[PDB]
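Start from the sequences and build out the full structure, keeping to the hints where you can.
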Amino acid sequence: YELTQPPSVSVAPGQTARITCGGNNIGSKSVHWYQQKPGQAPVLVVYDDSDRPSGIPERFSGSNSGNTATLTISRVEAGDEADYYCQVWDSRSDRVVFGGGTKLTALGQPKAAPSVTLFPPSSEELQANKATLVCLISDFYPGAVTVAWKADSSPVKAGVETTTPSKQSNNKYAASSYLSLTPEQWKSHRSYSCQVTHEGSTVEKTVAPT
Amino acid sequence: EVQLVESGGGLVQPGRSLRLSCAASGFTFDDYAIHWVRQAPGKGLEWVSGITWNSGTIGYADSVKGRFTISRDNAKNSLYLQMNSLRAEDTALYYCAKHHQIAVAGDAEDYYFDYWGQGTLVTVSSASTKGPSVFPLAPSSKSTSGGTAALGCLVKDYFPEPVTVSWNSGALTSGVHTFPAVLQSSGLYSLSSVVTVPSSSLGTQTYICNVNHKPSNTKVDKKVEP
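Chains F and E supply the protein sequences, listed in that same order. Numbering-wise, PDB author numbering puts 20 at position 19 of the first sequence, and it's gapless, one number per residue. Numbering-wise, PDB author numbering puts 23 at position 23 of the second sequence, and it's gapless, one number per residue.
Hint data in this document are derived by calculation from the structure and do not stem from the laboratory. Just so it is clear, CB atoms sit at the ideal spot from N, CA and C, and this is done for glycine as well. Please note that the accuracy of each hint is not assured.
Subject to a maximum C-alpha distance of 30 Å in a straight line, what follows is the list of computed DSBU-like cross-link-like pairs (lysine-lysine) [stated by the list, open to error]:
id, chain 1, residue 1, chain 2, residue 2
1, F, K188, E, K142
2, E, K65, F, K30
3, F, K158, F, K112
4, F, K188, F, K206
Derived, one-sided and incomplete: chain E residues facing chain F with beta-carbon distance under 8 Å [unchecked claim]:
id, residue
5, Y112
6, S140
7, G152
8, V182
9, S185
10, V194
And the structure:
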């Protein structure tokens, strides 16, 4: 079988959403649903459109009508942003056909100012050549942030960088930055520091010039 | 209650074989079905196989037939999965899910998951395992607020990511920001964490960052000092 699911459905936390899973002739076979949080383990929600597991509130519900199974979530909040999957049996092929889940994101949440963190190189590594300087950023809601490096009080981006995307952590986005293209003599001069340019205001943090 | 301990997983060369195990704890291993279902990183899930309450195979997918073999053990209460001829498209988190219904004799074929596990990262590539490098990040004396100071670890140079960190014995579940890894254009990854780290007055933690790595088993017990 083959299920068709929306790529991404966003809705403000004032009304309900519409997560639909449809097929070709799926009108009588059972349809189950699962909710997997990013990073945690999946959990069971209202399945078979006629009953709910123990612990799931009345906010979740399911409805099948002909060829479309809709998962209605009532009073969506910030803590409900997860990946919703719909499962069917399809006894014709003796398989378990899954599909691309929908990333429900509650649009219209307050902003969060990220905090920059600088960790200088350790003490028991100067005898070797590691060059693993790291600049961290705290949690923030508005993702797609570009971390600009200020190496030796000058923009240096030709070195090997990471540029990790914003991941998920308790309904927050976070990342890091690694750029230590120096010859391992990072304590040269002019206060090697770190910057972060977010949408709007930017943050900076310097260390001891030694 | 339900403790589905999953074991088996690491870095193997393309074309080899391995054995994953899922042990149950909490319920009776004679009246519940258990399935193995992988999950690609950020690319949905994919059901692999499953076995009913008794010793019975339910089927496979359209791309795993002939290569995988699932088996059940009611004497040891464990579901095993032997994988042979692994390729590059077999890198996913294999989850061991249970079943809700008791699977009575006369019913309809309808199996759905009720409990989930943690999964084991089973990567298949030509790279080799690298040893981690823990570093005692210096807790600098920048003191403005109460808990502005923070220290962490600098684990790096490791291809597989079985990231499991512990401070003293597997406790202190307070606010800790474990940053995810990132491939630095060389296959390796980097791990970092941030703790509260209050004012050091001989009343704080032992400053120990133990990281467990199965393909690179090495007990690192290096302390952290200012």
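Q.
Hinted pair, alpha-carbon criterion (30 Å max): F:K188, F:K206. Please report holds or violated.
A. 16 Å, holds
Q) Do the numbers back the hint for E:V182, that is, is its least Cβ distance to chain F under 8 Å? A) 4 Å, holds
Q.
Between the alpha carbons of F:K188 and E:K142, is the straight-line distance 30 Å or under?
A. 18 Å, holds
**Q.** Agreement of hint E:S185 with chain F interface, Cβ distance less than 8 Å
**A.** It holds, given that the least Cβ distance between E:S185 and chain F is near 6 Å, below 8 Å.
Q: Would you check whether E:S140 satisfies its interface hint, that is, whether its CB is within less than 8 Å of any CB in chain F?
A: Hint on E:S140: holds, closest Cβ of chain F at ~6 Å, below 8 Å.
Q.
Does F:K30 sit within 30 Å of E:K65, going by the straight-line distance between their CA atoms?
A. 25 Å, holds
Q) Is the hint on E:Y112 kept, meaning its closest Cβ partner in chain F is under 8 Å away? A) 4 Å, holds
Q. CA of F:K158 to CA of F:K112, is that 30 Å or under?
A. 29 Å, holds
Q. Going by Cβ atoms only, is E:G152 closer than 8 Å to chain F?
A. At 7 Å from the nearest chain F Cβ, E:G152 passes the 8 Å test, so the hint holds.
**Q.** Hinted contact E:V194 with chain F - closest CB pair below 8 Å
**A.** Status holds, d = 7 Å.
Checked against the numbered hints above, the structure violates none of them.
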